[PDB]
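Here's a solo chain for you in structure tokens, the form deposited in one PDB entry.
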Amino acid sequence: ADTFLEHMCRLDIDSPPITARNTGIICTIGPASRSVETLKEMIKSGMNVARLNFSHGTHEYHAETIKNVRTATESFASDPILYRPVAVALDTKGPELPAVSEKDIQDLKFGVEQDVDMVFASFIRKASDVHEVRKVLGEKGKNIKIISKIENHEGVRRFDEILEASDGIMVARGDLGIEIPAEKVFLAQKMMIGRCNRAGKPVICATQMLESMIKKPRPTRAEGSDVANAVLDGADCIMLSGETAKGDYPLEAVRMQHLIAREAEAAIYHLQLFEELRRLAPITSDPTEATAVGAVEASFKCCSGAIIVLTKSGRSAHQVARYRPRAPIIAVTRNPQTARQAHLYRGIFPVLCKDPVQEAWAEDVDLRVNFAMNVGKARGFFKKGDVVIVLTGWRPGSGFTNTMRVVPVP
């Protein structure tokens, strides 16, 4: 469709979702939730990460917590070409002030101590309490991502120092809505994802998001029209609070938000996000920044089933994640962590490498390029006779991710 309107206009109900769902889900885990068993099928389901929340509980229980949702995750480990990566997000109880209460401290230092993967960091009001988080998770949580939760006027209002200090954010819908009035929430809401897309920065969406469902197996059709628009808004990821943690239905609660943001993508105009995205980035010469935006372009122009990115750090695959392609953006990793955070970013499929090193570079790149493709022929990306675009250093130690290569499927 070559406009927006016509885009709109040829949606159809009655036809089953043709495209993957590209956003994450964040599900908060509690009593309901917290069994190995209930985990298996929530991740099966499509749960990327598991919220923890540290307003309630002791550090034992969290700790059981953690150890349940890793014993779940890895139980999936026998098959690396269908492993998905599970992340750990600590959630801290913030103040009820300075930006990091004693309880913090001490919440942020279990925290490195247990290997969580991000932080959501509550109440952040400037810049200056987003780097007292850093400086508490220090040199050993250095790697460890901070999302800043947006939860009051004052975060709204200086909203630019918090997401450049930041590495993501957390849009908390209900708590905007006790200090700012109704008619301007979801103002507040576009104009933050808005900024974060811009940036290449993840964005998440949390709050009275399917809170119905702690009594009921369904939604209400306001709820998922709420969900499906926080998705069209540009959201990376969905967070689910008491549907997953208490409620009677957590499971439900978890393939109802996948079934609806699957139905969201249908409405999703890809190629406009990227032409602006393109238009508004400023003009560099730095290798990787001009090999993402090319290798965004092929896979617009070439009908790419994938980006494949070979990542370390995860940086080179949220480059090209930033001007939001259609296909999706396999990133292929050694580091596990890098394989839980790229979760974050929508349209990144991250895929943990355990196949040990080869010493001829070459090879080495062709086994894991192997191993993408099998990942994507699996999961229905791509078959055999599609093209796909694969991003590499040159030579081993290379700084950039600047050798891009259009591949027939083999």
Given for the second form:
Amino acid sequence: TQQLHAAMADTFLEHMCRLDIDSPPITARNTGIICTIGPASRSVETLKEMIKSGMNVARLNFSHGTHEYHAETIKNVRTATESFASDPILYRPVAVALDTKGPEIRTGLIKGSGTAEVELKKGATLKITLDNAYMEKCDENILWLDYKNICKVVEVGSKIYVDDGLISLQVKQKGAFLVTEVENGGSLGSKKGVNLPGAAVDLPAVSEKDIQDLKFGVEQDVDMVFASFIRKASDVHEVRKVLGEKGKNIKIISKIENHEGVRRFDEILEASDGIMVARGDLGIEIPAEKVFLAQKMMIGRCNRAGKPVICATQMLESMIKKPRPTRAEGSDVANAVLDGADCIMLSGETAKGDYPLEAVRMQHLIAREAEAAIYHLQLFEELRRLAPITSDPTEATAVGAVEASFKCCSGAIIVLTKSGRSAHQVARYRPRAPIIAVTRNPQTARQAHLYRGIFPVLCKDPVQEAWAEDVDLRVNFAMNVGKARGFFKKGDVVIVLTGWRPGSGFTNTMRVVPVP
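What would the structure be for the form deposited in another entry, rather than the form deposited in one PDB entry?
Excluded here are partners and other molecules; the one chain stands alone.
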């Protein structure tokens, strides 16, 4: 059970040899699940089923839609979320994330229609213009795109990709205009994304349009921002600046999607609250055979720094049209969890696909299977050897509680936290047991989904005047949540982390107590 026989192996190779398909996993699923909301999932009715299937974060993509449309999406999520608040013991917080548009390049309209398409045949000629006279009159001869300075960055012989890198063009002759030949062709539609691998796209990291959406998210009380195409640390500083004082508590997740962002990852990770490995654009900007290097590198460096990392894009792509995934997609999710990803994401599988609930359920089943097969003995040993010595009492308390949880096979680590930080410090050491973080801050409970293993619970009872009684109140609530979810039963042992006084920064007490 829980691959515990493989966990006691002395080598990683023998650990693999002991992986048993008949060793059922524990109940808790530690990996967070982010879901992109769109036409197939934005109804209050479907959203309620997204939550029951395991969605923790509803993602809103501001590459498309108006502020009024997204405001309605946010309302439906919160409506579906609060529809379960009648039972505070089974209530699951749900976070809202805003994915900025960023320096996107998009084509124009095919023959004045949003749905029209033309067939590009390989080897044929195709002209690219910036003259807005063709902005709505693109066809197989001429194509308009919205990057005015595309000629200052594209040398002759360059390659241009259109529509998620499916169409590829080679610039055969530069103009004032661009004369290209189609390498790989096919159906060319309207408003398609363009990638220029190996070109210094001078488009601003934070456009005037992005400024409005960021301030929109601050007004809407979003829990986090996914910032697209972050190339350097100063790009992160603009995002932090625009969010200003009122958006101080909004977590900033930098998306790495090009060569420069990979090269500058350290300065970007230092300034950010988290990372997203956005493999979609990344797979086009750099060779597709190198993406897995960038992913393992970014996940490991984030695990080392104790900052959240998200694995995103095309994880269960085939499930947009089919109710079951391919074998490659099953192993991709599992290996991302084995790599150490805090969260796994879904895009078109939930935004527009035909089986959005099956996708969420499949991600939940695989992640719980992958979490049991993790070789904890080596991971915990390596995280401690790579983590520096600390003078923070909470840090020493966190590593001691994780070590104690491996020793007594505890059902959970219960943590009282106001800002989340205490639970974050436990999570970075990757215990096997789920981390039940008890909080009264709703925003804290929603941002805890970015961390592996943190199962946030929001206590709704009023603050008791006697502080030692307020602590016991929240601890017993955690015991009720854990017993109701089947994390443990009466008589089991659990780790409880508390402070010596109210307020953030005083977590310093670890207790080993039986389940009431």
